[PDB]
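J.: Sequences and hints are given; from them, build the entire structure.
Each chain, letter by letter, is given below.
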Amino acid sequence: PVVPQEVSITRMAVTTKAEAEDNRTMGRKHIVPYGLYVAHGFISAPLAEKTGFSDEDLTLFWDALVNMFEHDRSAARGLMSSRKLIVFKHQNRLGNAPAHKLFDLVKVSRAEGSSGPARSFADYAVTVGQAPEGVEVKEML
Amino acid sequence: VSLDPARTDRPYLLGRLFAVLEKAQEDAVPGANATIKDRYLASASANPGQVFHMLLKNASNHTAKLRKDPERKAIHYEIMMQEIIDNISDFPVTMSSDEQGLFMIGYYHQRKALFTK
Amino acid sequence: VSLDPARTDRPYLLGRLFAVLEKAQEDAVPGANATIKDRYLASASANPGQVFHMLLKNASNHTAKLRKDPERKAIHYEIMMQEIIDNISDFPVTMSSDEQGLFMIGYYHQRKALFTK
RNA sequence: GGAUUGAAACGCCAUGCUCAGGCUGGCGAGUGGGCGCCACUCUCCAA
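Chains as they are written, first to last, in PDB author numbering: chain D, 146 to 166, 171 to 290; chain J, 1 to 73, 76 to 119; chain K, 1 to 73, 76 to 119.
Any given hint could turn out to be false.
[As the list claims (entries may be wrong)] Keeping only pairs whose Cα atoms sit at most 30 Å apart, straight-line, the calculated BS3-like set for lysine-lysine is:
1. J:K57 - K:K23
2. D:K233 - D:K162
3. K:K57 - J:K37
4. J:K65 - K:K68
5. J:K23 - K:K65
6. K:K119 - J:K68
7. K:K57 - J:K73
8. J:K114 - K:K114
9. K:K23 - J:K23
10. K:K37 - J:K119
I should point out that these hints are in silico values taken from the structure, not numbers from a laboratory.
T.: Take a look at the structure:
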């Protein structure tokens, strides 16, 4: 769970004909002190055979995933970055195992020094299991 | 439904306490331009652990004026505060949204009682 | 919830000690214009190490005056003071906000008990 | 033990709400105010 915080802001001017007359306005913001998220995804070969999705596109896709946030800086965004990427590659045109089993091989939990609130990626530990023989697991990405 | 003096839900008790403190201040300094409700209401409901230690000082500061007059209205507030705090154990550092809703409910329940005959 | 005589949390004990000290003074000098809490409440909660020693020093005078006449409890008060200060290890130089809140909670819990029965 | 305009009488077989789309861009809690005025540990007791 996350605990949003709400912060108050002020301003030196007004936009329109307001007869206040100095301090002139007040605002608001919402922010998350810290949080960690997880995402899943799939790729289908039969459909690619219809649209023509090719390998170089796959390489470009990996690159985009790795470098997604570098160009997205903004006033409200804060600092965001990616940390891990794991890929499972089946050995034939149709899978060799159910997906939900694969997603279970990845586990995340607090490190030894939990110390209550988490405030950095160092507060968690990540581990990956061993995949079935019919699937290849590569994680260096 | 009305003020339930036996509920013992911590946000509810905090809400009651805030109302009684506001009442005491109003009694102490009539016609104040600014009141604790305007200055602190937003902060207290979100992070009780940060501000209550300050509100309680001014509480005594206000009660001192009254108890120093022939105005005997002035240990009633002290008695109420003793009753309410008697059920608390600690101040939360942070509270969830629904907890804040309960806090507001308790505040409003408490306030109505003070103005009955 | 009520006064817990085995909490052993240092701010809690400090609050209890302050409550008993103020009760002692009240008994010693009725009708005082300015009481110890009107003088020292803020500093006592903020920086215990600064003032508590001299507050303890003055306490002896109040007890000494009381026990000089056929009135007693004073032995009861000094017994509470000794048993409480037995558990305290050392007076902190400074305290955090939540610790200050715990101080007030302990103070009120202790004070309610004294007027029971 | 002939005759209730009666005696008998299925609403039934079966079909994807589908394909996809940024709540965004950004804004000073800031200006400033003496805990002060003043008060005897003092009266007397062989080694």
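J.: Each hint: holds or not?
T.: Going through the hints against the structure:
{"no.": "1", "hint": "J:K57 - K:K23", "result": "holds (18 Å)"}
{"no.": "2", "hint": "D:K233 - D:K162", "result": "violated (52 Å)"}
{"no.": "3", "hint": "K:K57 - J:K37", "result": "violated (40 Å)"}
{"no.": "4", "hint": "J:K65 - K:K68", "result": "violated (33 Å)"}
{"no.": "5", "hint": "J:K23 - K:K65", "result": "violated (39 Å)"}
{"no.": "6", "hint": "K:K119 - J:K68", "result": "holds (27 Å)"}
{"no.": "7", "hint": "K:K57 - J:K73", "result": "violated (34 Å)"}
{"no.": "8", "hint": "J:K114 - K:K114", "result": "holds (26 Å)"}
{"no.": "9", "hint": "K:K23 - J:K23", "result": "holds (26 Å)"}
{"no.": "10", "hint": "K:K37 - J:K119", "result": "violated (33 Å)"}
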